[PDB]
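Student: Now for the letters of each chain:
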Amino acid sequence: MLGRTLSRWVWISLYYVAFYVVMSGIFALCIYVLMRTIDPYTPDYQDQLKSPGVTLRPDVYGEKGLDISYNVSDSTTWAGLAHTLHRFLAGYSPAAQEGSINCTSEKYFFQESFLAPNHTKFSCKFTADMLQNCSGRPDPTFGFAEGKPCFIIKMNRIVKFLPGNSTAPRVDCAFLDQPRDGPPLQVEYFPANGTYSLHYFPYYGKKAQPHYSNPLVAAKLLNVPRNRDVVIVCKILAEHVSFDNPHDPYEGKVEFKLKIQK
Amino acid sequence: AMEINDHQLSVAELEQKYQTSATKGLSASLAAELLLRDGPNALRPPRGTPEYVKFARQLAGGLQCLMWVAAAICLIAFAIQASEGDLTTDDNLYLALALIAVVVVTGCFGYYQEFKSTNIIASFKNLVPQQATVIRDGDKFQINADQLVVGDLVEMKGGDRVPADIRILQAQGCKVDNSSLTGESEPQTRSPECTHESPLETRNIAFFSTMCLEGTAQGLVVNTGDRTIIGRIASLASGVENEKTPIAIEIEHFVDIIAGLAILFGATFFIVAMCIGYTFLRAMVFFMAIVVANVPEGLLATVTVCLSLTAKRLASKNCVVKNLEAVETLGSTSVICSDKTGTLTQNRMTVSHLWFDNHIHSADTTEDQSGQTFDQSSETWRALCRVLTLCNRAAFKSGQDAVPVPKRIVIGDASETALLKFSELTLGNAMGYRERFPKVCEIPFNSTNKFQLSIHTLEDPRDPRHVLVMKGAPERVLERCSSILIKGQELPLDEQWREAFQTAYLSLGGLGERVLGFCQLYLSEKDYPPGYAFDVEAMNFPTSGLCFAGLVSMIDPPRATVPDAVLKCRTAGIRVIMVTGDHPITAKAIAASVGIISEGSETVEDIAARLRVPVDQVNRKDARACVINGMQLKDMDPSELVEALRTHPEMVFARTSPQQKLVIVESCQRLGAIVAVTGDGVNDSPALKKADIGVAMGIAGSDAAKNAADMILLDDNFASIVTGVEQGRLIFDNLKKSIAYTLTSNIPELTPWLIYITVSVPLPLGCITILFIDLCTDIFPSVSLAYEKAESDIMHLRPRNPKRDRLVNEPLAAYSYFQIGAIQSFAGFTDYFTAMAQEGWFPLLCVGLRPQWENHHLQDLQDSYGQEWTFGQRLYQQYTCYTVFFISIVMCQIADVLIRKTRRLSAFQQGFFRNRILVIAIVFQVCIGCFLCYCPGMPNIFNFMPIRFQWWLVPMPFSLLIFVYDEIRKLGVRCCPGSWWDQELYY
Ligand SMILES: CCCCCCCC/C=C\CCCCCCCC(=O)OC[C@H](COP(=O)(O)OCC[N+](C)(C)C)OC(=O)CCCCCCC/C=C/CCCCCCCC
Ligand SMILES: CCCCCCCC/C=C\CCCCCCCC(=O)OC[C@H](COP(=O)(O)OCC[N+](C)(C)C)OC(=O)CCCCCCC/C=C\CCCCCCCC
Ligand SMILES: CC(C)CCC[C@@H](C)[C@H]1CC[C@H]2[C@@H]3CC=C4C[C@@H](O)CC[C@]4(C)[C@H]3CC[C@]12C
Ligand SMILES: *[C@@H]1O[C@H](CO)[C@@H](O)[C@H](O)[C@H]1NC(C)=O
Ligand SMILES: *[C@@H]1O[C@H](CO)[C@@H](O)[C@H](O)[C@H]1NC(C)=O
Ligand SMILES: *[C@@H]1O[C@H](CO)[C@@H](O)[C@H](O)[C@H]1NC(C)=O
Ligand SMILES: *[C@@H]1O[C@H](CO)[C@@H](O)[C@H](O)[C@H]1NC(C)=O
Ligand SMILES: *[C@@H]1O[C@H](CO)[C@@H](O)[C@H](O)[C@H]1NC(C)=O
Ligand code: ALF
Ligand SMILES: [K+]
Ligand SMILES: [K+]
Ligand SMILES: [K+]
Ligand SMILES: [Mg+2]
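Residue numbers (the authors' numbering), protein chains in the order written: chain B, 29 to 290; chain A, 47 to 1033.
It should be emphasised that the hints constitute simulated quantities derived from the structure, not laboratory data.
For every residue, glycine included, the Cβ atom is placed at its ideal position computed from N, Cα and C.
Incorrect hints may have been included.
[Unchecked claim] Computed spacing ranges between beta-carbons, pair by pair: (1) 146(A) to 63(B): 39 to 47 Å; (2) 952(A) to 32(B): 45 to 53 Å; (3) 1010(A) to 59(B): 20 to 28 Å; (4) 898(A) to 138(B): 54 to 62 Å; (5) 898(A) to 115(B): 42 to 50 Å; (6) 146(A) to 107(B): 50 to 58 Å.
[As the list claims (entries may be wrong)] List of simulated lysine to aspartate or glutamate pairs, DMTMM-like, C-alpha gap at most 20 Å: (7) 849(A) to 779(A); (8) 70(A) to 185(A); (9) 234(B) to 906(A); (10) 234(B) to 140(B); (11) 368(A) to 183(A); (12) 235(B) to 906(A); (13) 100(A) to 287(A); (14) 92(B) to 130(A); (15) 485(A) to 571(A); (16) 485(A) to 581(A); (17) 92(B) to 137(A); (18) 176(B) to 267(B); (19) 235(B) to 216(B); (20) 835(A) to 1013(A); (21) 263(B) to 287(A); (22) 176(B) to 102(B); (23) 667(A) to 689(A); (24) 92(B) to 1028(A); (25) 92(B) to 200(B); (26) 78(B) to 906(A); (27) 1016(A) to 1028(A); (28) 285(B) to 132(A); (29) 248(B) to 157(B); (30) 70(A) to 201(A); (31) 496(A) to 583(A); (32) 203(A) to 223(A); (33) 100(A) to 232(A); (34) 92(B) to 900(A); (35) 92(B) to 136(A); (36) 752(A) to 298(A); (37) 92(B) to 689(A); (38) 188(B) to 102(B); (39) 290(B) to 276(B); (40) 453(A) to 410(A).
Let's have the full structure, built from the sequences with the hints guiding it.
Tutor: Printed below as a string of structure tokens:
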């Protein structure tokens, strides 16, 4: 009976219930209409996806950045890195790649029609062995045992994005600040040149290609001085990949602080 | 504190009391000791309060304290985050700085709102005399007035302000000006013989700071400094309890409401955050966000701006105000206690009536001579006009041809000035008419004669006859006259004529007027040749058996506008009271003329006279009016004062002292009434300070009244009170409209945060953008609602009830928060989800997505299409959500200001473009939205993105729904006034 009698409380409550029910119904109708208009295969816009981001494995983050430190002589220092690399490559084992098909086009894999089972588009097979020497076989340590660690660089997939077909997009990893007496960082890449083959592009979306797997590039570093804190930046050299965004550091390029101990 | 009772004591008792001498005075050593003891003979000005201390209070309050707490949370969060090495939340520091700036700017606006630049206390120094002649050790020597102490034998002469309350011992034709006490400039005799019990009305007590007009008088000093009457008045006026203004009360009330809701929301959802798994620092940031969303940042400032605009409109009519809070009180006022002399009248004796031809003629008394005139085409009238022109010694100041006649300066008696101005107004040049009728004998007003007589040679040289003309008391001329100008002829006197004359005299006296007789005789050239020197002392004139011309009465008349102003104030439901120091008969006459007493209303004595029944048996409930003088009121107890106030709606207090004026004001206030006091004098100043709002006349006003007042009528136009009432009510209605508009957008700023905490969607709105809504896009439209017209007849409405009627009540708050704010929230969230989904983030994926969305270590989060997003790209998408929510609020606020123009009337009926300021504010709001969205650099500056246009168009249906539903609500309120709809959904 605070301000008004009980009957009036019931009436004002019923009015507010009706008001909020009607407004919630209007909101549900708006969202229903919006999802009716939304296209199930291609996003309406890609205003924030103009250039793809780049990530690396194993991802160990330090002080606002990718900090990877291990001591070669102690195995437990790099056991986590090896285990996570294996866990990441289990998804590229050929058992998991069964859904995708083999390709040798070496050119853009344009598809306009749904020829795969239940109205889908083909994806191409990328297996673990294609990494060869960093593929977890026959060395399970990925070279972290011998001081030549194997780093897998992956590109963020964007629908209907073409990275330019003058040549396959390539990885070039180097020291961010080259020491004057230091030799430039030599890295062996797997596949040759560390290139993403053009038949993996374009990506058509999770609905069109439910079994799509991104191509990988394994960068085996060979010129890392021991007991020295070095910073290495990996960039993607594609025509339509730009790495000049100071606000986003992972757009087209990835940097990580590495310290291999002895 | 001592009361004066020395006026009754004799010379011997005074000598024994003050150890003084009636002729020698005080000894110098004793005088110095008494000076050391009692201090000087000067008023002590209260220090007051410092400027900066009052400013410090402004930086406190409900909203102020909430913003201090919110900035404290922000600074603590930033410091803790930085101490761990993270520096990404520089936004927290910027938020802290902006909140502090908001607090300080709000404090400056609040200080400017209540600021008075008047010193007030410094008024009581221009009334204080500087020099004072004092008799010590039997020597008359001059000293400064500050040095006087009680017991000093002071001599004063005409033209010199009295230096203290003085027990007059010797007097030779002394007359004083007791205006600072009674409001009357009528000269009062001073003589040693006591005439009254009360020390105020006696003739043997001069007062500190009263201008001694003429003559010389001697006296002992009984009171010095603040112990004097003027000292008591100054202490009551300068030092009175500070009273909160009604608009300030309303502001503090609605601040309480907002603070309560903010604390409630913040604490409830802090508890929710703690239960559902948030850290203490995170829940603190949430509480900060909820407080910032709930607090109105620009509201108090826009209130000040609206008050400034109302003050500008008022001052455009010469109605200057002294603090912006005063701009509203009159609209809320339900009682107007009003001074009489100078306030309701022009304080100038003028001719009121003329009695001749057996007829009472009313002459026009307005200062601009815009009123009805009397008939001037009678032979008796022409003879009378000549006579009243001729019996006059006063003259104007030469060179005042341009200055109007009533305002023109004269030297003489008050009666003489009135008669001269009346003759100048009736004729061309009274100076000319009196010079062309040369004067040969002049007998001024004498105590023994009891009249004024003069002998004049007729202007026409063909008639060498000499016209005797006389002026005096009606009854005193009746016995000195034998014929009478009746209908233009000389008629002998009969008992019927004496009865008529007596009836006329009694009628004119009972209208509170001084009546003067007029008569004339023509002297033939037979007995009096042209070269007959008319000696005064010889008395060769018959000096009797003359011919009565006609009776004239004078009164201080109301100003021309005042009757209309009082009638309008009474129509607006305002009770009008006259508190005055003038005599009861004059006060009742003026009340009847002005309209304070209606026509037909009568007093207990009026009913008793009509019924020829004694006063005791006259039932009080039948008397609509009541005249109470100072004596009766003084012994009247507070319960009896309240009973009288209830019993009689038309009240006149007469012969009252300034303390009694204050007692009356505080009695009206204790009855839950907002009281205005209108005065112009020093005796009005305590009441002007006690009143909710004090209004002072500009020209006629004195410095004490002007310093105590809150509002001044520069042009002396009393009808500006009506304009002030209208503007106060209008600004109250428009203030609540503007407040409702401002409050509405608080909910669309709060709901994203509650949804963020609860559903863990990515952040829809930011604190910076919330501040942008409050400080930029909300300011102009809300202020522009101060220019709305009145919808109904406000001046016919009755005053609001200060307990019941409020600025922000529960209906206003509920409508704004839980209906319009709810719609605007729904609009914002529709736009948010649309923008998210068009960019690949379907509504189901957003739910629970906050932890992965805000992970710096998750640089390949997938959207609903399988696309992988970095943290930077997700942040820029979040900024797009910010802008889309901000634009939704801006458009819904356009619709909301379109519906806030009226509370009971249709937009189609009142018109959309009547208010140009509103449409310009709408254009401004859209322009700033566009500039913030599309200026280069904004994504990095203020987290505003260039959004696509369909996202502008999305909330327009919700804007339209707001408009339509509000219009339908108003339609229902209009159609069914006695309905549950009107009772619950009107605000
Ligand atoms: C003070 C008390 C306040 C009380 C407020 C109550 C608010 C009630 C409002 C909404 C409740 C739920 C409404 C949901 C209606 C959805 C209608 C619907 O059936 O849609 C279908 C979608 C499924 O799409 P799909 O996967 O097939 O599409 C794939 C695209 N294709 C189809 C082409 C392949 O289902 C979906 O969207 C599911 C996700 C729905 C969106 C979640 C909304 C939650 C957020 C609510 C906040 C709203 C504002 C509250 C402000 C209150 C103001 C005071
Ligand atoms: C006057 C005082 C009144 C008091 C009345 C209280 C009544 C309501 C109180 C409790 C009822 C709800 C109980 C909640 C149970 C626990 C839920 C929980 O433990 O969830 C866990 C998640 C945290 O896991 P994560 O994945 O985020 O961690 C990610 C970690 N990283 C970021 C490092 C990767 O919690 C999160 O932090 C994110 C939130 C997700 C769960 C939300 C659950 C809340 C839903 C509905 C509550 C509705 C209350 C509405 C009240 C209206 C008031 C007008
Ligand atoms: C869950 C059951 C038991 C109760 C449901 C109450 C719900 C519907 C909520 C939603 C909106 C709320 C109302 C919002 C507005 C008002 C007007 C206010 O001046 C009184 C409270 C009142 C009336 C609130 C009471 C509680 C309320 C009616
Ligand atoms: C690396 O590990 C070995 C074995 O645990 C230890 O002896 C050595 O000191 C470590 N390296 C450094 C730089 O400490
Ligand atoms: C979809 O296709 C897969 C193989 O591509 C098949 O195993 C599955 O049964 C299909 N589902 C339907 C509903 O046809
Ligand atoms: C790759 O593996 C082969 C296996 O024989 C080995 O000889 C070669 O050294 C490896 N390459 C590097 C860079 O270690
Ligand atoms: C690159 O793609 C274009 C079509 O986009 C095609 O015409 C061209 O032949 C391609 N270049 C090569 C070298 O295959
Ligand atoms: C890339 O690999 C090819 C082998 O087909 C070789 O000819 C070429 O030199 C390599 N380029 C780089 C930059 O390693
Ligand atoms: F002017 Al007044 F009482 F009428 F002081
Ligand atoms: K706010
Ligand atoms: K006042
Ligand atoms: K607001
Ligand atoms: Mg006065």
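Student: None of the hints should be skipped; say for each whether it holds.
Tutor: For each hint, the structure was consulted:
In this structure, residue 146(A) and residue 63(B) meet the distance hint of 39 to 47 Å, their C-beta atoms being roughly 45 Å apart. One distance hint, 45 to 53 Å for the beta-carbon pair residue 952(A) and residue 32(B), is violated here, with the actual separation near 28 Å. Between residue 1010(A) and residue 59(B) the beta carbon distance is about 21 Å. The supplied range of 20 to 28 Å therefore holds. For the hinted restraint 54 to 62 Å between residue 898(A) and residue 138(B), the CB-CB distance of approximately 32 Å leaves it violated.
About 19 Å separates the C-beta atoms of residue 898(A) and residue 115(B), a value inconsistent with the hinted range of 42 to 50 Å. A C-beta distance of roughly 52 Å is found between residue 146(A) and residue 107(B), which places it inside the suggested range of 50 to 58 Å. Our distance criterion of 20 Å between C-alpha atoms is met by residue 849(A) and residue 779(A), whose separation comes to about 17 Å. At most 20 Å may separate the alpha-carbon atoms for a hinted pair to count; residue 70(A) and residue 185(A) meet this at roughly 7 Å.
Between residue 234(B) and residue 906(A) the CA atoms are separated by roughly 14 Å; this keeps the pair inside 20 Å, and the hint holds. Taking the CA atoms of residue 234(B) and residue 140(B), the gap is near 16 Å; set against the 20 Å cutoff, the hint holds. For the suggested pair residue 368(A) and residue 183(A), the alpha carbons sit about 51 Å apart, so the restraint of at most 20 Å is broken. For the hint linking residue 235(B) to residue 906(A), the alpha-carbon distance of about 18 Å falls within 20 Å, and the restraint holds.
Simply put, residue 100(A) and residue 287(A) have alpha-carbon atoms about 16 Å apart, close enough for the 20 Å limit, and the pair holds. Pair hint residue 92(B) plus residue 130(A) holds up; C-alpha atoms about 12 Å apart against a cutoff of 20 Å. Of the supplied pair hints, the one linking residue 485(A) and residue 571(A) holds, its CA atoms being roughly 16 Å apart against a limit of 20 Å. Between residue 485(A) and residue 581(A) the CA atoms are separated by roughly 12 Å; this keeps the pair inside 20 Å, and the hint holds.
Our distance criterion of 20 Å between C-alpha atoms is met by residue 92(B) and residue 137(A), whose separation comes to about 18 Å. Between the alpha carbons of residue 176(B) and residue 267(B) the distance comes to roughly 30 Å, so the proposed pair goes past 20 Å and is violated. In summary, the hint linking residue 235(B) to residue 216(B) is not supported, as the alpha carbons are separated by about 36 Å, beyond the 20 Å threshold. A distance of roughly 18 Å separates the Cα atoms of residue 835(A) and residue 1013(A); the hinted pair therefore holds under the 20 Å criterion.
Straight-line distance between C-alpha atoms of residue 263(B) and residue 287(A) comes to about 77 Å, which puts the hinted pair past the 20 Å bound. With a CA separation close to 15 Å, the supplied pair residue 176(B) and residue 102(B) stays within the 20 Å bound. Under the criterion of a C-alpha separation no larger than 20 Å, the hint pairing residue 667(A) with residue 689(A) is consistent with the structure, at around 11 Å. Distance check on the hinted pair: residue 92(B) and residue 1028(A) sit about 60 Å apart at the alpha-carbon level, beyond 20 Å; violated.
At most 20 Å may separate the alpha-carbon atoms for a hinted pair to count; residue 92(B) and residue 200(B) exceed this at roughly 23 Å. The suggested pairing of residue 78(B) with residue 906(A) holds, with an alpha-carbon distance near 15 Å, which does not exceed 20 Å. Taking the CA atoms of residue 1016(A) and residue 1028(A), the gap is near 9 Å; set against the 20 Å cutoff, the hint holds. Restraint check for residue 285(B) and residue 132(A): satisfied, since their Cα atoms lie roughly 18 Å apart, inside the 20 Å limit.
Distance hint between residue 248(B) and residue 157(B) is fulfilled; the C-alpha atoms sit about 15 Å from each other, no more than 20 Å. Of the pairs offered as hints, the one joining residue 70(A) and residue 201(A) holds, with about 12 Å between alpha carbons and a cut-off of 20 Å not exceeded. For the hint linking residue 496(A) to residue 583(A), the alpha-carbon distance of about 15 Å falls within 20 Å, and the restraint holds. Using a Cα cut-off of 20 Å, the hinted pair residue 203(A) and residue 223(A) holds, with the two alpha carbons roughly 13 Å apart.
Using a Cα cut-off of 20 Å, the hinted pair residue 100(A) and residue 232(A) is violated, with the two alpha carbons roughly 43 Å apart. Between residue 92(B) and residue 900(A), the direct Cα distance comes to roughly 14 Å. Compliance with the 20 Å bound is thereby established for this hinted pair. Distance check on the hinted pair: residue 92(B) and residue 136(A) sit about 16 Å apart at the alpha-carbon level, within 20 Å; holds. For a cut-off of 20 Å, the pair hint linking residue 752(A) to residue 298(A) is broken: about 29 Å separates their Cα positions.
Taking the CA atoms of residue 92(B) and residue 689(A), the gap is about 81 Å. The hint is violated against a cut of 20 Å. Taking the CA atoms of residue 188(B) and residue 102(B), the gap is near 46 Å; set against the 20 Å cutoff, the hint is violated. Between the alpha carbons of residue 290(B) and residue 276(B) the distance comes to roughly 34 Å, so the proposed pair goes past 20 Å and is violated. Our distance criterion of 20 Å between C-alpha atoms is met by residue 453(A) and residue 410(A), whose separation comes to about 15 Å.
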